[PDB]
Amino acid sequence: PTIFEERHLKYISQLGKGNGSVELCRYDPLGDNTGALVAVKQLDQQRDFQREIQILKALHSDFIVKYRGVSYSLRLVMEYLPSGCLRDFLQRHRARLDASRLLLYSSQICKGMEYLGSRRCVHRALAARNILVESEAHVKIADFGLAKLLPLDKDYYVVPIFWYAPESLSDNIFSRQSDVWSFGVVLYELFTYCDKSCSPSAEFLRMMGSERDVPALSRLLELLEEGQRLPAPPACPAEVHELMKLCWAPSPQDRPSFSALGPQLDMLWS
């Protein structure tokens, strides 16, 4: 929880890039390569980094990536999770992993989302690509770039689409209930071991009979209105598929809470 002097941050590698980049650095004030490793995020967006840091300063959970401080143009310094993105990890260790492990990860993501809910924080971005793996036994939620704190008196706000709840698609509405819908897509992703051919984009594009890279918002809404949903992945226990279907109830108030999904996933693992 400190200001990291830029001169002491020794660049190791680029971890990711998007809309924005995350760099693996060694914080070496001594200058003898004994210092701890950190992940440094760097970028009209002064308002957005101000928004993101205010949220991250306030989160303290073993299931949410730890905010470590700042460095300087504002840079955000976070803990580094050595096993990287869940999407990469599941694809590389598929043969060595099992349904038990995916239930353990599902339970941990659900605990972090319960915590975010307790802070009236909407994550919005939740997807396997922003879940990070600390160790074989532990994952954490990352990417707070689109996160938002709800007002005290309003449980929603108005702002890829394959993780979004229908109200987000049709009315630009986001809430903790739309985060539950996205969590259902994450459960789907975990159970495919993040396989590219069965990704939410690949599967929804097949279901919609699309012959293009970019989906049509109107067609996805039509498919969802019909009651169509992502199928149960081959590796998927029937119990988990039922939980996904609940997260995907068309009305937000009819979706389960993370506090209700959580013990169920925990038990399936245990």
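Positions refer to the first chain, counted from 1. We call the rigid core the largest set of C-alpha positions that still match within 1.5 Å between the two forms. First, how it differs from the form deposited in another entry.
Taking the rigid core as fixed, one finds a CA shift for residue 226 smaller than 2 Å between these two forms.
Positional change of residue 239 between these two forms stays under 2 Å at the C-alpha, relative to the superposed core. Once the rigid core is used as the reference frame, the Cα position of residue 260 differs between these two forms by less than 2 Å.
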Contents of the next structure:
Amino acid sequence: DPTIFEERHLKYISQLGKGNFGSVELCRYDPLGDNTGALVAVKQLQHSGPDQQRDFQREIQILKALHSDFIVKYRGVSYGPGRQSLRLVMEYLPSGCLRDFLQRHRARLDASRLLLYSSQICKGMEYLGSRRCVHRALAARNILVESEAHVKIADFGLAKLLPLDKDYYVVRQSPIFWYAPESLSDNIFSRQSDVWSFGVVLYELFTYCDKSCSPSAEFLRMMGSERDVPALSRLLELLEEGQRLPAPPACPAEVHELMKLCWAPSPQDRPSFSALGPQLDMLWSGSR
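Hand over the structure of the form deposited in another entry; the form deposited in one PDB entry is what we had up.
No partner chains or extra molecules come along with it, only the chain itself.
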């Protein structure tokens, strides 16, 4: 297989991203040993018990089976000495994450371009939904820039397949401001809980991920004067009363509407990615 990478030829360069249980590292796969080999992004676990290694095996098998222009490409695995020596080799995207890209290039990215990214993220998520995969980590910091007009979904650490007979599943740190109320309160996940997240991605795109405008920053402003109330508790109250994130200035009215519907209280009243996609395509193709 060209998908088996020998541990001894992967040369560590730097850290790309980092969680509790693992990290993604910039590496060179250097079979000729002369520092000319291709650069790859390599995931491995540290602080890993049986559960983490089991989930990582799932991560690998999911990403391996996906073949989308808008999802980060699987290249292979490696394995070596330890029981924690399993690696997931992926393509390396040097432009980095969309969050950082929007913060840097804010002033030259119009609504038309944010709409193109929106439409590309939505297609990636339609593709996952056709494979019955719930992503669970959809946020701009986990979207990658392949080029200035092309983004890809990354971080499949938490992704999980739906049973063949059920359209949700239940689990036993989450990014609380990206999560659907039913996920927060009841650990219920589905393609419809990813829709809620996507709405918050839209809000990230159309605020250019400005840190003054962030979901957390808006929450601290929506909070009232009671700042010793737990975030999650108060968020859940806020969402139940119908408070939502405000519409950014940059946001076309039609995209604000799509965000609100993404935040339909009930998961069944949320539009699917199949229904969101044509609208965003309408708007993007209409704004060239």
